[PDB]
Amino acid sequence: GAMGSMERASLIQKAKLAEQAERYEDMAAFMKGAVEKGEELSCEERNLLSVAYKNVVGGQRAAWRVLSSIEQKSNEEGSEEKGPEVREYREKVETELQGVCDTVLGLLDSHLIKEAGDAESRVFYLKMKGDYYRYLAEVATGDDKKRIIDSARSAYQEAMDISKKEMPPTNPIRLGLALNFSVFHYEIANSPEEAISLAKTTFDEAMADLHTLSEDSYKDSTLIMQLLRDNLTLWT
Amino acid sequence: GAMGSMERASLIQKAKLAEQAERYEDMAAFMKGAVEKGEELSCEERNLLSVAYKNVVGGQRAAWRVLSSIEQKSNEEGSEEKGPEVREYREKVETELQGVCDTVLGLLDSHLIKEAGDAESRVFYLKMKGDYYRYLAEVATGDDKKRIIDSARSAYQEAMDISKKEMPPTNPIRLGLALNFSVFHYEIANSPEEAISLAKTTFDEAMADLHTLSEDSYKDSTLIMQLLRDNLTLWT
Amino acid sequence: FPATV
Amino acid sequence: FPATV
Ligand SMILES: *CC(=O)NCC1CC2(CCN(C(=O)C3(Nc4ccc(Cl)cc4)CCOCC3)CC2)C1
Ligand SMILES: *CC(=O)NCC1CC2(CCN(C(=O)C3(Nc4ccc(Cl)cc4)CCOCC3)CC2)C1
Ligand SMILES: [Mg+2]
Ligand SMILES: [Mg+2]
Ligand SMILES: [Mg+2]
Ligand SMILES: [Mg+2]
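Protein chains in written order, with the entry's author numbering: chain A, -4 to 231; chain A', -4 to 231; chain B, 591 to 595; chain B', 591 to 595. A prime marks a further copy of an entry chain.
Note that these hints are calculated values from the structure, not bench results. All the given hints hold, so there is nothing to weed out.
Okay, derived cross-link-like pairs now, DSSO-like style, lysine-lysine, Cα gap no bigger than 27 Å in a straight line:
1) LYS77/A' <-> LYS32/A
2) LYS11/A' <-> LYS87/A
3) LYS32/A' <-> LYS77/A
4) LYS77/A' <-> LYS11/A
5) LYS87/A' <-> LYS49/A'
6) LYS87/A <-> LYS32/A'
7) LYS32/A <-> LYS87/A'
8) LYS49/A' <-> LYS141/A'
9) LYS68/A <-> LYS11/A'
10) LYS49/A' <-> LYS49/A
11) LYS214/A' <-> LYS195/A'
Ranges of calculated distance between the beta carbons of each label pair, as one might list FRET restraints:
12) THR231/A <-> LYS195/A': 56 to 62 Å
13) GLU161/A' <-> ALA593/B': 23 to 29 Å
14) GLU83/A <-> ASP211/A': 33 to 39 Å
15) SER63/A' <-> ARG3/A: 21 to 27 Å
16) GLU75/A' <-> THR196/A: 43 to 49 Å
17) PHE591/B <-> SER186/A': 45 to 51 Å
18) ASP225/A' <-> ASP139/A: 52 to 58 Å
19) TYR213/A <-> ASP211/A': 52 to 58 Å
20) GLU31/A' <-> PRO79/A: 20 to 26 Å
21) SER63/A <-> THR228/A': 40 to 46 Å
22) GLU35/A <-> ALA4/A': 49 to 55 Å
23) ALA593/B' <-> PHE591/B: 30 to 36 Å
Yeah, the Cβ is synthetic: ideal placement off N, Cα and C, and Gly gets one too.
Looking at chain A on its own, in the form it has when it is part of the complex:
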């Protein structure tokens, strides 16, 4: 790859600069370069990797939704035929999204997950694996849709099992995993009751453990608990 000649530490430095400049494509390319050096990632480095790709794929998802809406409207009764261009451009954006997801899943499989022994690293990588299968599922319409959904579920489930065994209920990684797995249930698996149950149980168990935390840890945990509450409000 194009980052093969750049020092690991330089790639990390540039990823931070890219973040400050809101150059998330660049940020993601620098972090991909850093992962491909083959060394495990620190906590900070894992955050940089996730932030970069979240931002890139987030922009793609937002664009895909805009295009999909236009396309769905075009296929309604009385809509004038405008040719193949809307489908073609939605397909272009979709293909680019799928590519970014495949890239991230490829980094996780080669070889971030298998070298991740600590609970925080393993849960975080498995959460990411669930997230990027979930983004694949959002655009899936073919023979493999069920398998893509199940791959998301499986990664989230392994992450959940480790998190419950090894992390306190207020751990931000545990919380963020639960938040996203709950959204998976609601939006992807057509299981809104499971989504609500998971969000509520996660919130309540975290509430009960806040007493153990420093002020700074309290702030971090409560921020994510509020997101769980926000979703519960949306859903009930």
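Go by the hints and put chains A', B and B' with the ligands onto chain A.
What follows is chains A', B and B' with the ligands alone, placed relative to chain A:
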């Protein structure tokens, strides 16, 4: 180019979709494809071209400024040496910016300007030429800096001369040209008095001609006059 | 859309 | 920065 096989009308359709999806790189590539079909552009099409590249280069300029600030801070007294990475990444972004500017200037020179006979088309293209030389000037530090500045000035000046002869003082193209040429004076040519004089005269001559306009034209002209006023407020 | 991190 | 269009 990669758009050579796509119909002109399809490229224009997709440029509009890209704009709705806030995919400005895509938008610019579609419009570049459309220009390279060799036919003149309509009013609407000229707008799509300018919007796409303004947005792309605007993001680049904002990122370049972030990086340049970090780099200037690194060269201050007592700043710890952090190696070549900040300069390298500012250079990377700079090179990509220069490339986009060269692309736009290339479309203008081959062959949008020479085929533009109407005042609205010619003034608009010459304004763009001034704008993309101005963005080159913002990052220029070498032997050619004076020539790049003079190329911006020359394009703006030809556009100004045509606009004053052929367009009313409220014409949005005339106004937008004057706004940008005034900023050129202030920020690039170290001529703040000329910037202020041009903005004030433009504003006052437009004010005097508002009586001739429909409600909708009045709205368009006054929006740009307010930008002239905003700048005058900033500068005085 | 619902919140994810 | 000043306004341009
Ligand atoms: C030690 C370790 O592996 N740390 C890596 C990451 C730092 C981390 C993510 C950022 N963060 C947040 O609280 C938050 N985003 C987020 C939380 C949880 C997860 Cl699993 C992903 C992202 C910051 C942005 O706003 C939302 C919360 C701290 C913890 C995990
Ligand atoms: C007939 C013709 O050649 N039209 C092409 C363009 C439409 C046009 C630009 C958009 N616009 C604006 O009023 C405005 N931006 C702008 C004004 C003037 C110029 Cl020279 C460039 C851009 C829209 C966005 O907000 C600022 C004003 C109408 C006129 C020229
Ligand atoms: Mg497809
Ligand atoms: Mg349960
Ligand atoms: Mg340079
Ligand atoms: Mg004068």
